[PDB]
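Q: One-letter residues, chain by chain:
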Amino acid sequence: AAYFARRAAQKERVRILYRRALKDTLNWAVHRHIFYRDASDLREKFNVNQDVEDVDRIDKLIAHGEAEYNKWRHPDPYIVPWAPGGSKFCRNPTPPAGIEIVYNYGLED
Amino acid sequence: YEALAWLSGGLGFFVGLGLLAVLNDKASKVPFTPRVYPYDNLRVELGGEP
Amino acid sequence: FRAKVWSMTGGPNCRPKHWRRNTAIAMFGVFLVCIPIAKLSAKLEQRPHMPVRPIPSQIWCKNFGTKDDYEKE
Amino acid sequence: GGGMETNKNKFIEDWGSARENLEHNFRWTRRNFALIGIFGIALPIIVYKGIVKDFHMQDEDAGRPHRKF
Amino acid sequence: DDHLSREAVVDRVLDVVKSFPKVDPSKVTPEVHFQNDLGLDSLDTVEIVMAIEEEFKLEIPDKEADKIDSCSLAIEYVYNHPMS
Amino acid sequence: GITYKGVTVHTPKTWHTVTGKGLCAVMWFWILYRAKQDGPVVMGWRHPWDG
Amino acid sequence: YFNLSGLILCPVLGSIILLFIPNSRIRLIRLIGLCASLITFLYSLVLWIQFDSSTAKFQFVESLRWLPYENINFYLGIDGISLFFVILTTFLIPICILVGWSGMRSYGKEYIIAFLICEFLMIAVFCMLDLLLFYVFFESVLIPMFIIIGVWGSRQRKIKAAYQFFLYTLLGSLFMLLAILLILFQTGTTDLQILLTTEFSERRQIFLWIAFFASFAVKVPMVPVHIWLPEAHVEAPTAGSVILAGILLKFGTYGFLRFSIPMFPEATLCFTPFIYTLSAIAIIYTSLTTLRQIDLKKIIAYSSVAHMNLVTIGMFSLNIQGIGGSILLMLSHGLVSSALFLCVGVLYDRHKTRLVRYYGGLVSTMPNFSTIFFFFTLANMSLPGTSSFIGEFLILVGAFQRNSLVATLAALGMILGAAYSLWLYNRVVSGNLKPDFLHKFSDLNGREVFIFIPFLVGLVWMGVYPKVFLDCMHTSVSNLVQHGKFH
Amino acid sequence: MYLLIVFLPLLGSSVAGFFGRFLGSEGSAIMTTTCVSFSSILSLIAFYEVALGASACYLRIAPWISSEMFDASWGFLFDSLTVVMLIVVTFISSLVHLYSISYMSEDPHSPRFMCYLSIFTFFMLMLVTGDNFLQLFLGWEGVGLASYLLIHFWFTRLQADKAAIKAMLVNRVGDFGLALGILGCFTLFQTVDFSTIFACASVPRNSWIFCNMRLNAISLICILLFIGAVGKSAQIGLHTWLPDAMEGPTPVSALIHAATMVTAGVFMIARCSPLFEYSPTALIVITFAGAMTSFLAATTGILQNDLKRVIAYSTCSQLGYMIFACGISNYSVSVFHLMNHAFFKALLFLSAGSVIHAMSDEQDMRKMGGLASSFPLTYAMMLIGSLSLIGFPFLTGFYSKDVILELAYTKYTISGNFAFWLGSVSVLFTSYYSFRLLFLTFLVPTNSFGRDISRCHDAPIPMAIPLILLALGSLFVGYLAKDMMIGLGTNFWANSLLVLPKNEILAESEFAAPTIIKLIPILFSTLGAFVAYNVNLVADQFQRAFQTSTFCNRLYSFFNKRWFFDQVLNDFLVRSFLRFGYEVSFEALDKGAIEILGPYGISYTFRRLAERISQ
Ligand SMILES: CCCCCCCCCCCCCCCCCC(=O)O[C@@H](COC(=O)CCCCCCCCCCCCCCC)COP(=O)(O)OCC[N+](C)(C)C
Ligand SMILES: CCCCCCCCCCCC(=O)SCCNC(=O)CCNC(=O)[C@H](O)C(C)(C)COP(=O)(O)O
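Residue numbers (the deposited numbering), protein chains in the order written: chain n, 7 to 115; chain l, 76 to 125; chain c, 15 to 87; chain m, 2 to 70; chain T, 38 to 121; chain j, 9 to 59; chain M, 9 to 495; chain L, 1 to 615.
FYI, nobody ran anything at the bench for these hints, they're computed from the structure. A virtual CB, placed ideally from N, CA and C, is assigned to each residue, including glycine. Mixed in with the good hints, there may be bad ones.
[To be verified] Examples of chain m residues toward chain M, derived with CB under 10 Å: (1) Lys-9; (2) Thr-30; (3) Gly-38; (4) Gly-41; (5) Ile-46; (6) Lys-50; (7) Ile-52; (8) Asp-62; (9) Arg-68; (10) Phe-70.
My request is simple: use the sequences and hints to build the entire structure.
A: This is how it looks when you write it as structure tokens:
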């Protein structure tokens, strides 16, 4: 094949799913002294295979990883309050850049 | 649609625990007697006729 | 563009220079129109009951202890 | 930037002046017959029967014979 | 609402990778990428992002979150973002 | 408050600590004050008001 | 001696003077038209001063012969009900002149001719005791509304809008005309005082009631026939569209009060469940149809349809309070719907979109319009303290006292009224501001600010103290409810 | 003088709103709050001259609806029951007004906020002082209107808009029952006033003809009134709004979510006391609904990880407790718990807002850790408030929860025992999540960010005086009011609250206590303390995160999504309504079906018939 487009997708999904797993680990681990061990467990789990070369042995792995990850979601994940979904999104947004208001409208002659 | 299945159980616990309060019959387990007032259970001051 | 719109209830950060002067007028305005509400109510507030102890509302009121009977309403 | 009127986007104009005229779509189809026969002839009849039944039960409590209506 | 300039950000951003034990804190650079020059594993790429997120309150959208493969991209980004 | 490597905490004002302490001590004393005078009311022993 | 003749003559003089005024003198045309309208309004108001709300018989009457044997003739007069409608008709028209004041140069003098013609036309409808001529002026309003919708319509699709509004009206009009002919041939005259004192046949009662219901169910939007109002009402000029829901919508509903209820005492009782089963499902179906709507004009028209279907329930529920509440609700609706269409038309006269998708975030600008719109939405939201709530509470009271089932369905209407009107308010003037479409826009100037002042003051006045309105017509409602029966 | 109690907040609101440009962001703040404080002083004077000097005050301004024998008037009923709630509303409203000026100093649209607050104060004063159902109905609708306006304080905020709209619809569907109730009670008495139906409210004993079948008359009226109170008390029927209502500003939430509009639904029952006691059927269903709502909220609040969200469920649990108190003819504990609640939950709301806006506007449990030693004042305040909330022995909250649970135990009816069981098992839940709140914040290692801790600023002085006043209150008011108003026949209520001879179980709720049940809720409280401390401080290695296979993640989702009510109710009622309002009414009724008579229905019919007639 010699096409890195497929593997670049793999190197993209692995980082995306690792970031999402770390976020969810932070959410589940309300206290952090357990979050260290849990994060270590997640990082070690991602290094279990760490050697995939065949294209036939990645699609099943990514499907299994996605299915297992989606099984626990922490229905209330962390969103920054000003983030798109937070507790103060569009709190007092900056006014639109260009808008003008005419004064004398409805006059005659 | 799976939520409705959990909905039936959630309210089922309430009504199920409500029926259990019928299976013990605490009404007959009163340690005292019904309250009684003078003058035909205060008939004059609760209506009726003077 | 906020200065263009009137914002009758005041702008976002509307801070007039003489806001203390206006507030003094506004507070005085409430008091002067509050008196007719108090004065017109003196012909009202019918309470036939007589309190066990004297209250301080006997000076401006007389509608207490008078409406005893209910056969001539 | 001196136009007080709206820009009148093309994709919104069709959405606007398409629902205004739905006679062509709603002429003859299977679901239309069920919907009309269940919500224009069924429900009015049921509520009318309920109202006349309520009037009859009100009459019976007072004792007066029910009017034919 | 101080909106700290580049002077106070060049240190805080670089401290995140300075505290990383896999990379030796002897040749850490403001302009460097961990893929080749610093020699970091391809899995810990987003871990630095989480660590810097724990310092500055801002979460880059995930579409270009991992697009930052260099230390320069992160610091110019966190300066570009106003609420950081 | 003294500054550290990220936590440059500001010490609470003078009236935001002593007032809290001297108001909470009132409640702490009041718990026992009501547990001594009206305490014997609800314990099952020594019912007060002519008992 | 401020009799009813002058109240009708004054708009005629206003129209006649305007006919022979050159088009160039645009300064004089608007001034004299507005002056004539305001003189008519004051002449209507002074009638309320000398109303004498004591007698069961009719007030000032004018009799003008119409047939060689005085068989039927122009017989004017008000009793207790058409007085308020006359006042509100005389009050709405100057608002119509004022709203279409800035753009009068394009409209010309023909704009005021139609409005003043319709003005004295609707004046002559409410105070018309003779039954047949009530139909002559009842359908005379076809031409002015036809012209207003067609000549000065907003968009080009106005051609099809006017045809429905015309033909739907003509069908019921002639169906009523047949009943009028049957009544005249049977009785002999059409004078109201006599014709109310004629023993009818029960079999004849049902047919004539149906014949009247043929048209009176078109003026008030009923379930079978309500398509004309939205299509022929979104496509009319704001000054003209504000009286299709203002006075042109109160003919049939008020026509029930004067020519159906006391006319056919034994038929309304036999047809009471049919009106209930029509209106109760109307208030539900139309309200649900309102939710999935995008045009700004159509939603207000649908809310008006729901309000009329609600008032129809309280009108046919014969109660001393049901009919009074019906009249209060009709007056309040005439105020609030008129105000709402002016509020949604001032937006159109600046941007010309009539789409809620474009509108959004209009609280960050033009806040005065936002406050006025919120107040009138609350009035349409059916809150106590406004004149509407006084309107439908009596409707609910009258319906529940007779039938328990109909009251619940009617109150479902005021429950569902919070689903579309509040959604429109939050989706038009309280959303996120978008500069892509509404690049620039102004606020209300001194004209539309003063236009809403009489509306606001009348709304609050009839909401917090509706005593005078009820005081002036308790005798007439009592006489109307007690008719035919003697117990 | 009595008119000044009600009209001054309205006058202040009107002048502030009309002239919010003449007065700065501080002129309105110092003017409307001053007017509300004057009204509070007037309310205190009225309380001194009425509650202690027992002589109720009556008046009538003008006839509102002067129709035939339907006399509606602007009169008010300054009664002994009413003046207690006058105190409750005025004191808390003035304290909230003082609270907001510090919070709103940064929020731009300041004067509009105090305008809305004064509108709410005027509306609820009109409600509580009212004496006619319809004239009380204007206050009932105005409370909802002000709630919508205040939650809609952020027009840009999309979530606030949807929350406000949904709150208005659910509140309308709720008070639908009460609205039906006004004219339901009118068709039997031909009147709407209170003094003319409480005089003779037991005489009617007939039936009616409802939509389906004939049922009782008084019982149906009371059922409708309770359904109306459901909408304004977040009962089992419609409580979709309150959990999502904290999308607006904080100082109002201390007044609308946990202090006063809380009291509307319970005060509905409390005012019309000699109407529900003659409808025993309605009392039983009221008790069921109250207990069910209380338990549901108590078990709801535990999973949520937000400051305002969890305490809203605590407020709903107190709503359920108070509804049960009003359901067993024991309205005394109902109003006593109302007065306590308006103190010890308003205080907690102010404390939560103080710790939220002083920590870069963050309200979370998962992210924010511990900063108790950074500032002891408002934490001491909130600790006192929580101790009242659990009802630690010999505190303000104990004197209400203990007596209400004892009253629940005493009544042997089929609803008394069930609801007592539910309250006893809900005490454990409430003492669990209250201490969970006390522990996940201020008692854990700080899990927040390093920038927010540096930008730390304690509670300003003007916003701390209301907290001081509320702390002074909800430590002595319970002891002061235990004897004087629940004291086995206290003579100050007079006709305000009437209890029937038959269902009067108070003396044997204290002299027949087994002493093994009276002091048991303290036992559940300490057990909840132990389990919460163990789980959230030490034993959290497995007791916190449960990464099992199945039935445990779904258990997490079931209570996080609050029994999927927002899912099942939405999809099965409002989604269906919106679908069938476009695909039924607009398809097979008017547009498309009968439109075969308008355009393209008959127009083309005459393009063939008329064509083949010239030839
Ligand atoms: C149940 C009905 C009772 C009667 C109805 C009146 C009750 C009050 C209803 C109105 C309340 C205020 C709602 C106004 C609209 C809110 C949104 C809005 O448009 O705000 C406007 C209007 O602001 C107002 O709220 C004005 C309030 C005026 C209402 C005051 C009267 C209320 C008391 C009257 C009640 C009747 C008394 C009894 C009469 C016998 C401007 O606000 P800004 O702070 O300037 O923000 C806009 C952003 N920008 C600055 C960039 C433009
Ligand atoms: C509570 C939610 C937690 C979720 C837990 C469940 C998550 C799924 C667990 C089950 C599936 C897994 O193990 S997920 C493990 C997925 N791991 C991989 O796919 C290895 C890919 N390796 C490569 O591409 C190359 O060797 C190389 C570029 C050198 C490596 O660099 P990167 O790999 O960096 O790109």
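Q: Confirm or reject each hint.
A: Outcome of the hint check:
Satisfaction of the interface hint for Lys-9 (chain m) is found here, the shortest Cβ-Cβ separation to chain M being roughly 7 Å, below the 10 Å cut-off. With a least beta-carbon distance of about 19 Å to chain M, the hint placing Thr-30 (chain m) at the interface is violated under the 10 Å criterion. Hint on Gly-38 (chain m) is violated. Least Cβ distance to chain M is approximately 15 Å, over the 10 Å limit. Proximity of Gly-41 (chain m) to chain M holds as hinted, the smallest CB-CB distance being about 9 Å (cut-off 10 Å).
Residue-level restraint check for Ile-46 (chain m) holds (minimum Cβ-Cβ distance to chain M is 9 Å; threshold 10 Å). A distance limit of 10 Å between C-beta atoms decides the matter here; for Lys-50 (chain m) the minimum to chain M is near 9 Å, and the interface restraint holds. Hint status for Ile-52 (chain m) relative to chain M: holds, with the closest Cβ pair at about 5 Å, below 10 Å. A least Cβ separation of about 12 Å between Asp-62 (chain m) and chain M goes past the 10 Å threshold, and the interface hint is therefore violated.
Below 10 Å, beta-carbon pairs count as interface contacts, and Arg-68 (chain m) has one with chain M at about 7 Å; its hint therefore holds. Look at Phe-70 (chain m): its Cβ gets to within about 6 Å of chain M, closer than 10 Å, so that hint holds up.
Comparing the model with each earlier hint shows violations of hints 2, 3 and 8; every other hint is respected.
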